[PDB]
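Before any questions on binding or motion, here is one chain by itself as structure tokens, the form deposited without benzene-1,3,5-triol (13X).
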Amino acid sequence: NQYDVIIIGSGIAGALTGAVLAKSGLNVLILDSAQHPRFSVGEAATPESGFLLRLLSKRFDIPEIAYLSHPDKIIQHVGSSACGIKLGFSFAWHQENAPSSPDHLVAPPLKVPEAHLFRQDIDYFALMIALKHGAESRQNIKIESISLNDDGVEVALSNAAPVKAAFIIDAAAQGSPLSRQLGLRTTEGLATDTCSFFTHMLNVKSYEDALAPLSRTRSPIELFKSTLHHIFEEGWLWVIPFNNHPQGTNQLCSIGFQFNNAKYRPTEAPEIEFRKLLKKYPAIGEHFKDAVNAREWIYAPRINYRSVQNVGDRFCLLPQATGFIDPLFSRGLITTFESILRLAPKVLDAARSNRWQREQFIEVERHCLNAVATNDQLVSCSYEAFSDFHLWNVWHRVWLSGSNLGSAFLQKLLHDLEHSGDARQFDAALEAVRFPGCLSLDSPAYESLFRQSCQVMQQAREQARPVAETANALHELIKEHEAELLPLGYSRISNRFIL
């Protein structure tokens, strides 16, 4: 075998996977059909993704991976166009045939700033980390076939010699050739059925200049410096600026709108569908008066999918190749970076002992399948919560309380790894969690709340219950479970900005 591991796809997942494996002593090859620079979606960084990036950096001793978790460090080391700032999430609610109220807004601010990842520069920077640590990159290739055997993997390429390796990691992310040929992908048993239009734009106005200033909204953060979600019955639109950091030089703002296909199926071209949306919601249109498009619209008719299995003797699909739900709540990078953190140590043990069996990577599958399953419950219920503001306001505390518990648990693992310096203890502690894939990670009290809350929302969809009844039901559940959650005051509805 020419190599130890072959990685398909040279975006952030594949490049970071290649970096840690090259650093750990494996002879790594990274294949890609596209080439850098190239555009990619997956821009909103979360607190969990920040800790998971810092864990990867510490666990495998690569300081440059930790630079991607903080916006100032991106600006300094990657480049000044490589990210915007993020001081939180903002969810502005809208209704067709009604003027938009500035009071219909929830915006839980963050403690430490996060990045809005300009992925063309971030993913190329991630590949450069892999290349500097000894990984080989081959771009612009054409995969003829991928053969899996009991003694190894063999990849055949157009106009080149075939390459061979012990393992193959699919990081190709929804153009996954290994997912196609194995017959793992399916949309069966998915609550979320959604499409997506997305692009990058110039001259997009800020929320403050377009809709309502800080004095009016009373928000502790500028929504300009946040992942802004414009939500409404049939779907949502995102405003993710890269031009919101003071030292930043990027002019672009990522814009993407999604529909629930059960409520609205788009019929016409992306630009026509966009203007029809701004007609429906004039408030959202205030962003795009003098705005112009910086690239083509991409239309994905169904972004949702999952897999029945995602590992074998000689392979392992990374989360994006495995399954995906929706941009909402930015769960893709969280699942991605955690799956690498779980996979990499097991691949090292396989490569070091020459044992390549499915049972060794079973905990990578269990996490990944549960994560997509959880996020499907989270998103499908969240899409149903868009129908009314008060319903959403109550509902988002279910997500937020889970995300805070999950962030604190990953922070605890980082704190123990930094002080103790014990890699095996960290790997075991991460594997020891009671609810792998879920939002809280380890808390049974939260998962009780989460799974009961989702039953209420699915009952509300199936029987078409009133929004006041559903909102009350969730409020009693929060009040029941509040004591076991963090002491933040999740139950008081009048507080729309949970510090």
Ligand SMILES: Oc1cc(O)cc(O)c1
Second form
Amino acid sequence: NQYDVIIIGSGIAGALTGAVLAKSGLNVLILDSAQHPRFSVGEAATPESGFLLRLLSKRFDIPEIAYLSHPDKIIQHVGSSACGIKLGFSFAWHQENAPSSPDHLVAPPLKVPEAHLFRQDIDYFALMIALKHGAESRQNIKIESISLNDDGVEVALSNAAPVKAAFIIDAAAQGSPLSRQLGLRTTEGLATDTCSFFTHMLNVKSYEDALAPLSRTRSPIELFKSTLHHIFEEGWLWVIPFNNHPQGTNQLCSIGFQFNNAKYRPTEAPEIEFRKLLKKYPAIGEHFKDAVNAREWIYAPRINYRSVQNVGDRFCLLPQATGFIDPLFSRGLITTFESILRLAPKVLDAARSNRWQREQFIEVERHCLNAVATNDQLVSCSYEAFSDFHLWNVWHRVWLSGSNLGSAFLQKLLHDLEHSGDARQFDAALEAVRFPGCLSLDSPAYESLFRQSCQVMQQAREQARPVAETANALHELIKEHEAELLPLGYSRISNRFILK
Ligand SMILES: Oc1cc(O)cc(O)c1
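Mind giving me the form deposited with benzene-1,3,5-triol (13X) bound, seeing as the form deposited without benzene-1,3,5-triol (13X) was just shown?
Whole complex next, starting from this chain.
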């Protein structure tokens, strides 16, 4: 065995995984069929992924990882093109055959700013961290075959000798090449069935210029400085600027749109489908009067999948290779960084004791498969809440209250790790959470609210209930549980901009 671990994929997941393991004294080999620089999506950072990056940084003593958690540190250390800013998520509702109202808006702001990750620059910087810590990288290779045995892993490569290792990690946000070989990938059982078109554009107007200024919306933040979601019956469109930072030099804006395939199936080329969508929703079209594509539109007819298994004796699929649901709420990155945090110490224990059995990595699988299941519920119920604004206003508080509890929990673990400096206590605290993969992590009150809310949403879809009743049902449930949530005034429905 030439190496200890082989990592497929050299984007942010595999790069950070290689960084922490190489730092810890393993001989890592990162493999990739693509080569840097390259384009990538999964751009919206969240407070959770912010804390999880700072946790990775502190747990393994790699300060450069912490730089990726804050837009000012990104600009300073990665580069001035490497991110835009975000002061919150924001959602603006629309319907076919009616003018869009700037009062049909929700946008809960952040205290601490976050990044819109320009992934080509962030991913390359991440690989840099890995390379500087001893990990070998090989780009632009083709994997003929992967063989899993009792004594190791062997990877065959085109125009090169095969490479042997103790363990293999699949960190490809790609078509899960190892999961496709193992036959673990499936669409069966997913509530979500969504397609996606996405690209980067130039000369995209801000929300303030194109639809409605700050004086009309009454928002505490510019929507230009937010992860903007345009939502409507059959799906949603994102507007994620990289050109909204005062110190930034990036001119592009990420643009993507998703359809619920149960409601609408696209039939034509992306650019035709794009012009049809803007005719249907003319207010959304005001963003793109002067706009130009800076790259080819990528179409993906089915973005949703899950896996029945993701760990074995001598392999592990990281969440991005295990399953994906939807870019909505940007749960992809959260699941990924948390999985690396759980997996890394166990792979070290395995390598330091030469024990490679499925049993050891079983809590990595539990977290990952739950996170994809919870993310499926969240998104599918959210796609149903798109049908009316008032319903969306009440529903988004379910996501928000959970997300806040998740964040506060990760602050607690970060604060306790910073104080005590005890890596063993942290690993155990993380594994001992009552609801791994779920939004709150360790709150029985919230997971009660989430479960019953999703039951109300899925019942409302099945029986086609009136939106005013469903909204009230959820409003009651929020009032019932509000004492156990944080004191942010979630039940006050007239407040559409929930402060901290
Ligand atoms: O995007 C987010 C906004 C907010 O106010 C809280 C949170 O956890 C996420």
